[PDB]
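Enquirer: Given next are the chains, with one letter for each unit.
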Amino acid sequence: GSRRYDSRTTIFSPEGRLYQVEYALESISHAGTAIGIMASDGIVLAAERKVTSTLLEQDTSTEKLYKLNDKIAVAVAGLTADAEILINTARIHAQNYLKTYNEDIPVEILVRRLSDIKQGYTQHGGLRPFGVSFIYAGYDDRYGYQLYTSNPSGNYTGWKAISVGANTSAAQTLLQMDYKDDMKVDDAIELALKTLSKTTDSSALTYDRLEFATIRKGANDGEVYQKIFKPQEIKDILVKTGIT
Amino acid sequence: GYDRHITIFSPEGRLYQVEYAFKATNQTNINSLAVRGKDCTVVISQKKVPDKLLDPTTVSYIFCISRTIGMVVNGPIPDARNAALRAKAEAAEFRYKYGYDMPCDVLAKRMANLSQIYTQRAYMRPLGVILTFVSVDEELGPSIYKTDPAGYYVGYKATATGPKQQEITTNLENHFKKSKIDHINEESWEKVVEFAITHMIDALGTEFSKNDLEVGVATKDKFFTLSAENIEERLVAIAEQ
Amino acid sequence: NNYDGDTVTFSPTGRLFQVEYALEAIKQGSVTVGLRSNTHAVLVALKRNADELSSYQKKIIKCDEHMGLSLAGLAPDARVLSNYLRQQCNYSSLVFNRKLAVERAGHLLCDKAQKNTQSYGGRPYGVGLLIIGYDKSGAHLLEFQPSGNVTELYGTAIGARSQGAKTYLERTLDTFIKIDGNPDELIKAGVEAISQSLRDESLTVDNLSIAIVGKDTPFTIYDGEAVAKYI
Amino acid sequence: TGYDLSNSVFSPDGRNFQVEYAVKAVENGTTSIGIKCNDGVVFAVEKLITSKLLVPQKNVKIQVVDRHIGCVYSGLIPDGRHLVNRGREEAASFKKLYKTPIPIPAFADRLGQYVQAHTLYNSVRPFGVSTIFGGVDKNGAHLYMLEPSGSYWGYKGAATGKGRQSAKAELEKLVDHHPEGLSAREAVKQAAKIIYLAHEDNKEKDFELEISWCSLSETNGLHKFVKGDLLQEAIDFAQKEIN
Amino acid sequence: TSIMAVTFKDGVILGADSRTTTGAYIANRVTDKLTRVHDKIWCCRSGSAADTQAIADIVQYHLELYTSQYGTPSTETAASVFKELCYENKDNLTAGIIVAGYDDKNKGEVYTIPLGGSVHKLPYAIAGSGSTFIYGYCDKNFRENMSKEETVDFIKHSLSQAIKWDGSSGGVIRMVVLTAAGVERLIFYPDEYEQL
Amino acid sequence: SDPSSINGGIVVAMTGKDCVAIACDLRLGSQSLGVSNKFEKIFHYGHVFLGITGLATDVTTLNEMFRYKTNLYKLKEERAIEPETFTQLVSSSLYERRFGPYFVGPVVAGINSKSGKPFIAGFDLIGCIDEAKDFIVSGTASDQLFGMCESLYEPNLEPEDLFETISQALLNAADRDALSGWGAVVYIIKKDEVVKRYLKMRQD
Amino acid sequence: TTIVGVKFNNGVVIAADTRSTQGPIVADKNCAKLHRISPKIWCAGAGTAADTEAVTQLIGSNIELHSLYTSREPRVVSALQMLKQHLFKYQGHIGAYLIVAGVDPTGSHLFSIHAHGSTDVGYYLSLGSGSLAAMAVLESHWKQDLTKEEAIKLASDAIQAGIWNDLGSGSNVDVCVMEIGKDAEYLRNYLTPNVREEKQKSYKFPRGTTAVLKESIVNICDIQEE
Amino acid sequence: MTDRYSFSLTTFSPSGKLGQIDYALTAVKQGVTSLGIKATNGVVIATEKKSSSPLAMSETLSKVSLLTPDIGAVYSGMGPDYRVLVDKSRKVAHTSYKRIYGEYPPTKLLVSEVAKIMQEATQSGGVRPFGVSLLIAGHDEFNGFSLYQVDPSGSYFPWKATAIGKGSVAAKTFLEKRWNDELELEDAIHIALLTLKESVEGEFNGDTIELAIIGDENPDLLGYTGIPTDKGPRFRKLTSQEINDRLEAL
Amino acid sequence: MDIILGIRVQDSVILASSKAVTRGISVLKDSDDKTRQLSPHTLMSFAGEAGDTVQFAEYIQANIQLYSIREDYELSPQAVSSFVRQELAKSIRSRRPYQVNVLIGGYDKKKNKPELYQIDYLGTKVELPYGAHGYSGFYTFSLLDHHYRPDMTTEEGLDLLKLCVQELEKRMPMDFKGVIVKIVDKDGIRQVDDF
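Residue numbers (the entry's author numbering), protein chains in the order written: chain c, 1 to 244; chain a, 2 to 242; chain f, 3 to 233; chain g, 2 to 244; chain h, 1 to 196; chain j, 1 to 204; chain i, 1 to 226; chain b, 1 to 250; chain k, 1 to 195.
Hints in this document: simulated from the structure, not taken from any laboratory. Just so you know, even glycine gets a beta-carbon here, dropped at the ideal spot from N, CA and C. Watch out, some of these pointers could steer you wrong.
From chain h, some residues computed to sit far from chain a (all C-beta separations above 10 Å) [claimed, not checked]:
#1 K40
#2 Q53
#3 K121
#4 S129
#5 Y189
#6 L196
Label pairs and their computed distance ranges (CB to CB) [said to hold, decoys possible]:
#7 g:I50 x f:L25: 17 to 23 Å
#8 c:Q123 x b:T2: 20 to 26 Å
#9 c:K99 x b:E184: 48 to 54 Å
Whole structure, please, built from the sequences with the hints as guidance.
Expert: And the structure:
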């Protein structure tokens, strides 16, 4: 009947590799670059927009930096439509954990669940996996500042700075060169843009092609303040570092 | 290339399984006409019994979907029976949920959406029929809505379906540029049956016996088909003139 | 070929290869022969075994007190269709207090085989049955085919080199059907009938299996040392 | 092509190749006919005798539905016996819900929809039979023939199976000579004659005749098997025409 | 409620009250009880208004479907639909329905379905809470094959009594005449029958 | 048993001139025995205030219920939910469990940001909207507040006068009731800031 | 609670009182009972206050959808027939009693509908707790051929009689007139019968009457940079 | 039976493209041109009603639709695929956001729910992606006027003005020259007619052009006048007579 | 029913529960602990319906311990209370409820503060300086008001607790046969052997 049309996506190849996983990664190297630099007292998230025109509305726009709850944000690299389903079960799962324990969910648990959901899509069901990679940038009280990435495999690991999207080889080479561990949020701001000026496909880096975001311990009391920069604050930070 | 065996966008953007379905319809060499009167809608359809063994009356292509929406079908007759059984169920279901008689618009838009579902799922072939609903609506007066195996439907001042439709189409275009109205004017509905038959004789180039036509008239309050004597009466009145 | 993938496909001439292949499975099996008169019905069965140390496989299944069948071919499929007949023979005896007529049992198998080769993801059954039985209207002998067809016969064989015994029974048709009232002679006509199909493997007293049911005889099976009388 | 490998895939011609192969499975079967009498219907079937082992007149291939519809099919006997079995449930749930025996023009649609459903989906085979059914109800006699498309119509007379080219012509002689109406008693004689002539293609193996009829005047609207003196009187008329 | 239906020479006539009481207070004093469920197969409701209306909707839906597939329903049929819902759900729905109908073949016919769910063909029928008070009057005075002018007067007299003795009936009497000619509504105000 | 008088409590809310106030008592009983005096009935999401009286366990469930829905709301639309909308949300959530209700009687109070119009709303068990321009009351001594408030209230009070009224209203009704007392909390909501005052009242 | 509906030659007017109560306590002195299914089908509810508010919205949605899908003014008989089906599926636990009035192309209509599902057509219906006091007033002066003026005066009089003679009724009179081919006219607070006389002696306390223990400030904002 | 259509028809190809979705966008480039311009006090969206015959009446057919009382839509591509999406969207505004908040969704939230129907059409088993791109104009009180484009992959972006269809390349470059930020509603309409006159070869008059604005509020369609808390539709579709008037004033 | 007392001193929680178990007219067994250790710093005592107790204690103890293996991080005693409250609230709407009252005593090593929680069978959580359930809160709440101070040490609190039980011995009309006492504090969980 319909035996013929099956792609049989989920079987191994003779080498021991999952075909659909290897492709999804290649697809993800076409999406605009995203970079995370973790410092002692905060996290920077800078992502290079894709699609731009003098006729595109930019100020209200939001295509790569999404907020999950109070203290955790992500950056998307890949199919923005596919990701929008994985962002909605992340929020739901977060508040469901707040409903049952009365604590902000630990960063380790909210990562581990979105990787099980990715893994479970290559295990069975014959569906093509999501084409997404996340940079989970989050803060709990247990370990302080954390970074995580996941891949359409499911596998996830922690990083002090990492790149996904285009020129991850080129961007990862620069980042190893300049990273240091005494860094502060304002040095990391400077490094994240310095890496994006060199890897950019643009003839010149410009404020209207950036999505920028910090999570600082800074801000009143002990509480943590997440700040997705306005389009206008990015023009100021871009003259401050003197790239323009 | 499995795109000519199920409905997935071809490399070109087409849906080859749907473009094929249209050429499956035009094969019965039946030519259908539907024109509007002032207070009625006439539809005349060729009937062709091939062998003397088939009983003449059971062969038919006009169905009575409700009390005021008749539907003349063009295509292979099993798909028509399938499309007819399902349309009758909806005209009942409508009157049960909302308590008034399913207007024609609404029925044509329901079948359209039902057609679409079959070109979206990979496990049903589209229907191989063109459906032409005719009614005297309660609100909008005389109506015709012709629906396709893509899902497309649209209103009509008058329509023609079949292999030889090109002859009838261009004959209708000529008449409505002369008269400068959207509908055959003549007041009684017998004069509009006369008018329909005369444009069929011209288009196809051939005259009609009374066994070769099957006729359906929608006036407000009832839809009916005309018997072999009431057809004979029109035929003799056209030959007089 | 190309059309023998599934049973959903008619071939370009109309044949259903998956159903003609299932037929093959009965020509691999052992011969069994069935005949009947008006008073009694009889199955003579060649039991087959593997190597020496093997014991012979049972080819005769008791279905009820008045009905049983023998199988030829796939022994796992026979036990799935005889389980389904068992439930039917109870279902009749409890709800209508009525010994299930043989003519009906045949039409139930017919219907069950049809639904199983139309479904996508089924498989035709690969086994033949001779179903004998004695009801209100007398004795019957049915041949069941995996196609579905149930045919009522006076005698028949199925299996390997069946043709030898199928012929023998159409010459002797007038004589073994008139053997009424003597169960002993109807068994002897059937032992002869199975010796035409045998080429090698002379009968033994552990090789042969006989069932006989009739007007005055609940369904009984003779194995082992109980078939020393009929060789 | 490749438009034939699976069911309900259109070709460029519009043809549905799987259904066209199904018609070839009907043409392989044995011959059957139906005469629409003036007040009833007559059914006739050619049952090939394959062996002398077969018991005579116990493998009857005419099946009744409810208590006033005769069905007789050609092609693959299993496919049909499942179509009839299903027809019996549709008819018993009509008589349950409206408490009146199901009209014959209605019973025709319900069987068509069930066949037709097996050319929508691409995972169940089309049916490999053509059924000729009918009987008597409040309006009178109806005779229908059903193909593996789902296409059925009324017929003055119908025939399917291998010998159908012969029989369509012979049937036609009896409709031109009697516009008045071939009367019910006369049609049992004629049925046997037609089957005996259409049997000249299959004249290799002897056959057995079986007639049944549903008639308003004769059996009061029920369905019975013509038998005994009346079946024997017909068989004699048929042997007299071919010799 | 007090309803009756009476066959006669040319067809059938249905009669009904129009009072609908909830306790002692009269909620609505002009309630149509004679409802059309096809073009010549009418019915009369009595019992729990909520329950009969539900059964009449589903009958009017079944029969509109039945007409577009099988042709004209006989009156027998429409009766058996009513029956099938009353009897499957007899636990809750409390409905007593008279189905009167006219073909051209078999002229007038009356079926009554009491609370259990049991069709019964009768030459007249009565139901409702005020029926008890006219069982005697109806049985002496009925005659098969009355004149249309004579029947009307025989139903008008009966319900005149069924209103006078029962507190749960009253108001205008409606009558619906089912004949070959079609449907004709009649109405009789309380001054046309209380004076009598 | 009365599913509402197991725990008691009373909530009262008043408008003024460009400000609102919502206040309650802090007792939590299990019929005769008093258990705790720390139990608060008033919660805030964004700048909208919700008081909930009744069965104590459904106060805790229905507070963590509404914190869930509004957090999700605040992540999509990117602004705290307004009081006018939030009132439809309370109502729809309750009626969702029409059969076997939450035994509560929520009270909304806040100032709508766009317009500056102060806004209060009341509820009952199933969930109807009591709309008032005066004051909303709720709880087991809701009969006593209705009479109390109506005598005191004068339309348009300035924020520091409103604070006196809603005190006398709540203090008197608690000591005429056998399920309220043990302190009281009063919020004064203005657009810029919120000022919370704990009251010294009698411990009888 | 008192609700009347009076048909007249050119349209239909539906009037109510504004008093909503919860027990022997008057919860609200203005809460209108007139709801809006669709722009020319109005209805009003008696019985449980949460059933009539919720079940007009569950029919509001489905009737607005259906209105865009046909591209047509949504008939009254549509809402009447869809309400009936929802209330019968719960076997009359939902205690909702509505007067559904309105206009559409076919003409004016007016129905009542009881908890279980029984409906009534009428030329003038009343429903509610003081519905009996209203019913009397109608039976006295209603005639045919009422003009638009007389009917309003009639309807509002019936609601008045409910106010003076029933306890559950009170407060103000609301009206809504729907004519054929014009927009419905909602006359919110059409008649003030009784106003609250001014208090004999104003009551207003000095400041510092209340005794206080603490004061704190509650945070209602996103923390900011320092 | 055992229907085995669970495996999706879309699979990742060895080149890092999602095959079916690419093709979908070819068929969107064959659809008829449509464009939208966002101004200071409104949006306009317009298209050409392709009338296939003179017998056909494209009046009964619509390529612009009401989704809520304040959110319209227009489209490019497959007729059918459009009509069933407008019916899911009308439904899901009500079931999942209007009942349970009492308010019509804000424009940027509805688009999110519509972007979720596209996703499920390309993820789940046995379906093919939709053959359309929507432009969704709308107004809500906190973000003002907004215009959105939705793709058949699921992605949506907010545009200052934009075109999709056959002459999308020639239309987008003519909009960048004529667009600025000061545009009122009247001037943007006149820039919308000029841009459509390039891409339309045949008839160009009020009977064959469909044009609809999200603009100032209307209290004339309100329909139940006599209540200050309501404000009525912001969407108003310009009729045939109105459209010929802005061609005299061309 | 059966007595459970909880008093939170300056650096520990003390939980005291009765030995006796009364099935039938006999006192069947009178040494059986009525308390399950959840984790090395949280102790949960429980009392209520027959047999429901054991089932609702081992159930909770399984999820807390599946959570300590998963993260290698002992849940705070603040969390553990809201998880027991979540279950009890679900049970009241179910076909058959769980009538179990719990005192959760725990030493939070995060802030070096002990905490006591009371959840009753309806499902109401409240932080308390001392609590009880049943009829015990009727005899002791008036004695703890007079003597308890927040600065007491463990040695002092036990002398207050010896007095509370001596109040129950006079007025209670039921054997409970003295208590078992367990202390939760920063050093772990120990059992006071004496009365």
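Enquirer: Of the hints given before, which are not true for this structure?
Expert: none
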